[PDB]
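Fit chains E and D to the known structure of chain J by using the hints.
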Amino acid sequence: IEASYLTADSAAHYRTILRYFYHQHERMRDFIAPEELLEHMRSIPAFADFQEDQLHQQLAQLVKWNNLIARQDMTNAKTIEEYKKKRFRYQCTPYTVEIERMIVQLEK
Amino acid sequence: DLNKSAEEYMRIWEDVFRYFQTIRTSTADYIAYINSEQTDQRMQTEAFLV
Amino acid sequence: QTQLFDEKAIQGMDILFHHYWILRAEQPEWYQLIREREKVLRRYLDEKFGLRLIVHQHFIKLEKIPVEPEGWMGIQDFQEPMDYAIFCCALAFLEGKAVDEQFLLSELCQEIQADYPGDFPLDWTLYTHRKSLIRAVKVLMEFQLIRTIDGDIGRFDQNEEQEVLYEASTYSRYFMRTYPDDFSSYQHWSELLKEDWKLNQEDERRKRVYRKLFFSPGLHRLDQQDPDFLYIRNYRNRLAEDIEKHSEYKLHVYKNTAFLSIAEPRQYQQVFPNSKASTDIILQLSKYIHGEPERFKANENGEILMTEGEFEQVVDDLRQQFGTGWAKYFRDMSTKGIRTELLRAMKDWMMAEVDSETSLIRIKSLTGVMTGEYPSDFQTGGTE
Numbered sequence: 009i010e011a012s013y014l015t016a017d018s019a020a021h022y023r024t025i026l027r028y029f030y031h032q033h034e035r036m037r038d039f040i041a042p043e044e045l046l047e048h049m050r051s052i053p054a055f056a057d058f059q060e061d062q063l064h065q066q067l068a069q070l071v072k073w074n075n076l077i078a079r080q081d082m083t084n085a086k087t088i089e090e091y092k093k094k095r096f097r098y099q100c101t102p103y104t105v106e107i108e109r110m111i112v113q114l115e116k
Numbered sequence: 147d148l149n150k151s152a153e154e155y156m157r158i159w160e161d162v163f164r165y166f167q168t169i170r171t172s173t174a175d176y177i178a179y180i181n182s183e184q185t186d187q188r189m190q191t192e193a194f195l196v
Numbered sequence: 005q006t007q008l009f010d011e012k013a014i015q016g017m018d019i020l021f022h023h024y025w026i027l028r029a030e031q032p033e034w035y036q037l038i039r040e041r042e043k044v045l046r047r048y049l050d051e052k053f054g055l056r057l058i059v060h061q062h063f064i065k066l067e068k069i070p071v072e073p074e075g076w077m078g079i080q081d082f083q084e085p086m087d088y089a090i091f092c093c094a095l096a097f098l099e100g101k102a103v104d105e106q107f108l109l110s111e112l113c114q115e116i117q118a119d120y121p122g123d124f125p126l127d128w129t130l131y132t133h134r135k136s137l138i139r140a141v142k143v144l145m146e147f148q149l150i151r152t153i154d155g156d157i158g159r160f161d162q163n164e165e166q167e168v169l170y171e172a173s174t175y176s177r178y179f180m181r182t183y184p185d186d187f188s189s190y191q192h193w194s195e196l197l198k199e200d201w202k203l204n205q206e207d208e209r210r211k212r213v214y215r216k217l218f219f220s221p222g223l224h225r226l227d228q229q230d231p232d233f234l235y236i237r238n239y240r241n242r243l244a245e246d247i248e249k250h251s252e253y254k255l256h257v258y259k260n261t262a263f264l265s266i267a268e269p270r271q272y273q274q275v276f277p278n279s280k281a282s283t284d285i286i287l288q289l290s291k292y293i294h295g296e297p298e299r300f301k302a303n304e305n306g307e308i309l310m311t312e313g314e315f316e317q318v319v320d321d322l323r324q325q326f327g328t329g330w331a332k333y334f335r336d337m338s339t340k341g342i343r344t345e346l347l348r349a350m351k352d353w354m355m356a357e358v359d360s361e362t363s364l365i366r367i368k369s370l371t372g373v374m375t376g377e378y379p380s381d382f383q384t385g386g387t388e
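Residue numbers (the entry's author numbering), protein chains in the order written: chain J, 9 to 116; chain E, 147 to 196; chain D, 5 to 388.
Hints were generated in silico from the structure; no laboratory data involved.
Among these hints, one or two may not hold up.
[Claimed, not checked] Quick partial rundown of chain J residues pointing at chain D, CB under 8 Å, derived from the structure: (1) 85; (2) 86; (3) 87; (4) 88; (5) 91; (6) 101.
[Claimed, not checked] Chain E regions said to be covered by chain J (calculated; three or more residues, Cβ under 8 Å): (7) 171–182; (8) 187–196.
[As the list claims (entries may be wrong)] Think about it this way: if two alpha-carbon atoms lie no more than 16 Å apart in a straight line, the pair counts; the simulated EDC-like pairs of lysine to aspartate or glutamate are: (9) J:86 <-> D:154; (10) D:211 <-> D:232; (11) D:216 <-> D:230; (12) J:92 <-> D:154; (13) D:216 <-> D:72; (14) J:86 <-> E:183; (15) J:92 <-> D:171; (16) D:65 <-> D:30; (17) J:92 <-> D:105; (18) J:86 <-> D:30.
Idealized CB from N, CA, C, for every residue including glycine.
Just chain J, with the same shape it has in the complex:
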């Protein structure tokens, strides 16, 4: 399934997203929610105009591939809508960590 993220119709976005997940895990800050990933997407010039909806489509697609561990964010909120939203937080699976480590090692 991982080959899909490596070479699917959004392989660039998938690679960037899992690379940010790997970055945050290597610093032990892995249980990330969509907002910081959206910020990272907007940081890169190519995806600078990113949107939350496309991010959610791709992330749901990924959790279908078990790239991530999904938790429901029922513990705290900052706005009324945020409270009403059944948000989620995501953590990368060990397999994802290892594959991204191999890709980074080839990069090195």
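Then chains E and D, alone, in the frame of chain J:
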């Protein structure tokens, strides 16, 4: 008082600022960890223990 | 090395009295000040008053249990019993929420509606019910029992669909004191007092007198043989010396009343006279009563007895003389409305009573302590 070769000085500077940039990256990452909203949401669970 | 009651202890005592409680997170200076002398404060309060001073990690609180409850004591932002009922129900709801748990205003409204114990259901389609809920929530927020995640409750007045996200703060646990038995076994609030004084049989009289003096604006002689007033009469000098030593106040004693005056009231204190216009008319009425001693000869207990008609006539006379200088609020209102407002004000200060049965008005001797008048140049100006 500058009574030695230039290569020694370049090596000394290289070591100094390689290590200083190492420490600078370390402090940037560590302060990001401390400030992490991951921590701020992680207070509400056992994950805070982690 | 031993502690002594000093400027810091006096300041701490005043801060304890004039607030319900002091929170570390918001009043760190006051919390620190109170704690340092907390040993001396505990000793003094226990010996003389008998109040239990509760010192905790997050707050300091003085359980000011009154000798005889009086109207002004209660939470003033509330105006109807329903507000108190909704307040208590909201507290009951907060017992179900863990610290820093977040709940929406709709959930709180629903739970309050469900629990509300009256025969008549609580309904949110009304205006008055929503206003009552907003006042209850405002008082709750005043004590930091619940924090506000951004939103706006004031809109709830005119938009029942309004929504808000609230957070239960830790203080909710400690707000209400503890009660002697299984509290449910009691049937009327009066039974609570009979308990709280069952713990203070030792020198009940001294604690009684001190509580009445410090809490109430005044202490009225019940009859010719009132034991509290007899106690004060027997120990006037040492009472005055002790009170001067331990606080800013200075004692006064009369044939029919006793009270503590304050010379330099700080910002947070409440005192009479004050800005509210109704006091002006109270001072003018006091002067008018002074001016006709034979007509308003006080009975032996110091009360002056007048019927609603006689009081309204007096108020009309005042509106004739000094009405030109009254606030425009009263200048435009009929006599009976002024009578009602003035009597509410005088009730708050224990200046007078409305007789339950005969509707007779009793003006207490405390009113005659102070008299007020306009400057002579305006009064001559009023003549022009």
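The hints, checked one at a time:
At its closest, the beta carbon of residue 85 of chain J sits 6 Å from a beta carbon of chain D; the interface hint therefore holds under the 8 Å criterion. The criterion of a C-beta within 8 Å of any C-beta in chain D is met by residue 86 of chain J, whose closest approach is roughly 7 Å, and the hint holds. The interface hint given for residue 87 of chain J is met, as the beta carbon of that residue sits about 7 Å from the closest beta carbon of chain D, less than 8 Å. At a threshold of 8 Å, the smallest CB-CB gap from residue 88 of chain J to chain D is about 5 Å, leaving the interface hint in force.
Checking residue 91 of chain J against chain D by beta carbon gives a least distance of about 5 Å; that is within 8 Å, so the hint holds. A cut of 8 Å between beta carbons decides the hint on residue 101 of chain J: the least distance to chain D is about 30 Å, and the hint is violated. Counting residues of the region 171–182 of chain E whose beta carbon lies closer than 8 Å to any beta carbon of chain J gives 4, which reaches the threshold of three, so the coverage claim holds. Residue count for the region 187–196 of chain E with a Cβ under 8 Å from a Cβ of chain J: 5. That meets the three needed, and the coverage hint holds.
Distance hint between residue 86 of chain J and residue 154 of chain D is fulfilled; the C-alpha atoms sit about 8 Å from each other, no more than 16 Å. Restraint check: the Cα-Cα separation between residue 211 of chain D and residue 232 of chain D comes to about 10 Å, which is no more than 16 Å; the hinted pair holds. At roughly 13 Å between alpha-carbon atoms, residue 216 of chain D and residue 230 of chain D fall within 16 Å of each other, so this suggested pair holds. Proposed proximity of residue 92 of chain J and residue 154 of chain D is supported: the alpha carbons are some 14 Å apart, at most 16 Å.
Our distance criterion of 16 Å between C-alpha atoms is met by residue 216 of chain D and residue 72 of chain D, whose separation comes to about 8 Å. This hinted pair checks out: residue 86 of chain J and residue 183 of chain E have alpha carbons roughly 12 Å apart, not beyond 16 Å. Note on residue 92 of chain J and residue 171 of chain D: the hinted pairing holds, with a Cα-Cα distance of about 15 Å set against a maximum of 16 Å. Distance restraint check for residue 65 of chain D and residue 30 of chain D: the Cα-Cα separation of roughly 14 Å lies within the 16 Å cut-off, and the hinted pair is therefore satisfied.
Taken as a hint, the residue 92 of chain J and residue 105 of chain D pair is honoured in the structure, with Cα atoms around 14 Å apart against an allowance of 16 Å. In summary, the hint linking residue 86 of chain J to residue 30 of chain D is not supported, as the alpha carbons are separated by about 22 Å, beyond the 16 Å threshold.
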